[PDB]
Structures are given as C-alpha cells and as structure tokens.
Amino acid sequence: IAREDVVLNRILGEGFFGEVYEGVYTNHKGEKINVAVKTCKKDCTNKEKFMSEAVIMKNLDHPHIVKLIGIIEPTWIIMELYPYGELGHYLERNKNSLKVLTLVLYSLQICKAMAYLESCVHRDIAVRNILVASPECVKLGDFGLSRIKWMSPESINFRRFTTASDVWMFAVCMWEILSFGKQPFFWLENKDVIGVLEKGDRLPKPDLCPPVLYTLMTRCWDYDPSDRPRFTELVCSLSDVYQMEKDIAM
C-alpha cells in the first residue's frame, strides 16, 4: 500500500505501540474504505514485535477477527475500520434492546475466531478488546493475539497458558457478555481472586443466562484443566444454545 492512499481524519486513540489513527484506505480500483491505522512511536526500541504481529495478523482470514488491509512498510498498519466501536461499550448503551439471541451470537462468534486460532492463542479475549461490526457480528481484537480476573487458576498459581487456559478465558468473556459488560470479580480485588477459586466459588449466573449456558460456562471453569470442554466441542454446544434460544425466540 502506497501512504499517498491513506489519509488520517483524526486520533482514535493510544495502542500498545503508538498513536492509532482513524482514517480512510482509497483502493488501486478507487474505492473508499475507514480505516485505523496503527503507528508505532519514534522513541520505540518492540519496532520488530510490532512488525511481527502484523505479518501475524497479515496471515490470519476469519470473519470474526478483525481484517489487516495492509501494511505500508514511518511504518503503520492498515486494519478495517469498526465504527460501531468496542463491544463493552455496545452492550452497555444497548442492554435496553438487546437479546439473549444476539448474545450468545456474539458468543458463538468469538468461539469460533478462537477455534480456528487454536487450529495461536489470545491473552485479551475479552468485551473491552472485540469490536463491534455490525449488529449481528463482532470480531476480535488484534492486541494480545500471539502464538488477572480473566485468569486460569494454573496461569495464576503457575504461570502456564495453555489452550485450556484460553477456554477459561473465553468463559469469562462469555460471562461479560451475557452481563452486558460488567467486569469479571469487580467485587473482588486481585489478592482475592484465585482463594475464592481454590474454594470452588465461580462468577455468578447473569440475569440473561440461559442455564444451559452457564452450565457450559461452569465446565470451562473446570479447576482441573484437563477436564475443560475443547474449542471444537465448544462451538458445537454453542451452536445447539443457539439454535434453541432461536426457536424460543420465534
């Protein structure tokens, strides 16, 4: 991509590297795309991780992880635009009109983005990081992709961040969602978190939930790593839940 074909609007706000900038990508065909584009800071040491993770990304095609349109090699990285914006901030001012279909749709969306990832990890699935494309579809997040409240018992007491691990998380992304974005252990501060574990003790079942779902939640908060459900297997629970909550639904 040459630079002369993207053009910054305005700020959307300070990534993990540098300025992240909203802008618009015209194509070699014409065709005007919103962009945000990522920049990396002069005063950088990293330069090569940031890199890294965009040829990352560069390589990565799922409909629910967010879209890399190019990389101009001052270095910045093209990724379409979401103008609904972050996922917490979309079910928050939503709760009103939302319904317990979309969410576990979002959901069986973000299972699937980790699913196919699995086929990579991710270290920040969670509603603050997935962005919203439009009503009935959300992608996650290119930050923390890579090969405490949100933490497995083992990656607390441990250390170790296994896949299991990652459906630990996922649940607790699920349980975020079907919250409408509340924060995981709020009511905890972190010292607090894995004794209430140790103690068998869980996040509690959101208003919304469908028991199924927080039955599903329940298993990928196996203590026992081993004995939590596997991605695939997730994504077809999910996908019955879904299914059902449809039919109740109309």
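Positions refer to the first chain, counted from 1. Think of the rigid core as the biggest set of C-alphas that the two forms share within 1.5 Å after superposition. Compared with the form deposited in another entry:
Residue showing a CA shift of 2 Å or more between the two forms (rigid core superposed; candidates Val66, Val35, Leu203, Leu216): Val35. Core-superposed comparison between the two forms: the C-alpha position of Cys236 differs by less than 2 Å. Once the rigid core is overlaid between the two forms, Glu14 counts among the residues whose Cα shifts by 2 Å or more.
Superposition on the rigid core between the two forms places the CA atom of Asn190 less than 2 Å from its counterpart.
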The other form holds:
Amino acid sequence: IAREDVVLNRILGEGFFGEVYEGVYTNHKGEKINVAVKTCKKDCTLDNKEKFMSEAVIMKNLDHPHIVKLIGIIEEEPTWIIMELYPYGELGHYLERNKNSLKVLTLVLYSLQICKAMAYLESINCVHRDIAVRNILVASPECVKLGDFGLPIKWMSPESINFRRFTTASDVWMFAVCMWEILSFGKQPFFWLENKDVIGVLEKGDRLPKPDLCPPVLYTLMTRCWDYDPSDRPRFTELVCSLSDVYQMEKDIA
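Based on the form deposited in one PDB entry presented above, generate the structure block for the form deposited in another entry.
Excluded here are partners and other molecules; the one chain stands alone.
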C-alpha cells in the first residue's frame, strides 16, 4: 500500500504510541475504504517501535469473519498501520441509535458472532482481556467484528479484579458482560455502582439483572459465564453451541 493512496481526515484518539487517525484508503479499483491509521511517536525506544510494529505482524494473520481486519502497513517513516473501519461505527453507539428497530434475533446474532471470534482465540490460547461493546465494530447490519482498541472493573471477573489473573475463563465472564451490554442496547454494566463497590457485590452473590429483552435461556447462559469459580464457566467452543441453540429457538419464535 502506497502512502499516496491514504488520505487522513481527523484524529480518532491518542493511541499508546501515537495518535490514531481516521482516513480514506482508495484501492486500485478506485473504491473508497474507511480506515483507522495508527502512528508511532518518532522519538520512541527501539523496543517500543518493535511493539508498535508487532500489531501489524500479528494482525496480518487474522482473517476471521468476526475479527477486525488489517488493510496494510507502510513501514517507511512515518510508519503507519492501516486497519479497516466501516460506515456504522462501534456497536455500542450503533445499538443506542437503532434501539427502536433492532430485533432480539439480531442481538443474539451479534452475541453468537463475537462468541465465534472468541472460540477462535481460545483455540490458540489467546486472551482478549477487554471484551466489551466499545471494542466491537459494525461491519454491516448482519455482521459485527471484534477488535482491541484499548481497568475495565465493571466487565472483569472476580479473579481479574482480585489478583489480576486473566485467562480464557476470565474472558468468558467478560464476554457475558458484553452480551448483557448488547441485549441492553448499549447500557453500561453496573452503571449504578462505583468501580470500588463492584467486587463486594460479586462476592456477595449479586449479578447484573436480566435485560428486559433478553430471553430467559440466554440469561441462564450469562449466569453460568458469571460463576465465581472459573472452572464452572463454559468454554467459548461449547458456548458457540449453546448460543446457536438460542439463536435457532429465537428464529423459530420469529
């Protein structure tokens, strides 16, 4: 990818190594693709440059339908990592704007798609550590994609809060919090608490209540993901099966 093919529009945020810009990449076909362009401060250490670069090296290998996509890297200074964006933005904000028209089936679909992404990550023993609607892009009305754009106490498992332990089992907890967000049309988990109060509530056995539109069977699955004991939470691999069941049940009802 040639730098002249990428036009930057505005700053999206301050990344860990430098600003992230929104841009338009015009490919060889002349079609315009929305992109996020990550940059790296010039005066960084060699180790930090290597870390910056590693995202490109890693993400080149990801081609899952529900994981975000690397468009390319321009290695020449200033080094840019170019990621694919879509018209619709973050899922959180998409749910907020479309709450009056989204059907429960679609909310279960998004949940299932993110679960499939996580079953892939689980297969290579990779941990996300930050599963939430803010980390999900809407590629189309029928397709969401999991990313990592950026402690999230209100999403975290008790072992992550208490010991900073993060495993696939702690990801399953967070994923069920993410499901709760989706079925709540983007509401923030424990918005009625301060971060400091969260562990006390979880320790005493309290949990996020069932979202109004959430099917009871799906809520039961969420609660299993929120078992205090990490060993009692389902694997993502099996949760795909359970969520597929809920989807088919909801499709039939429809």
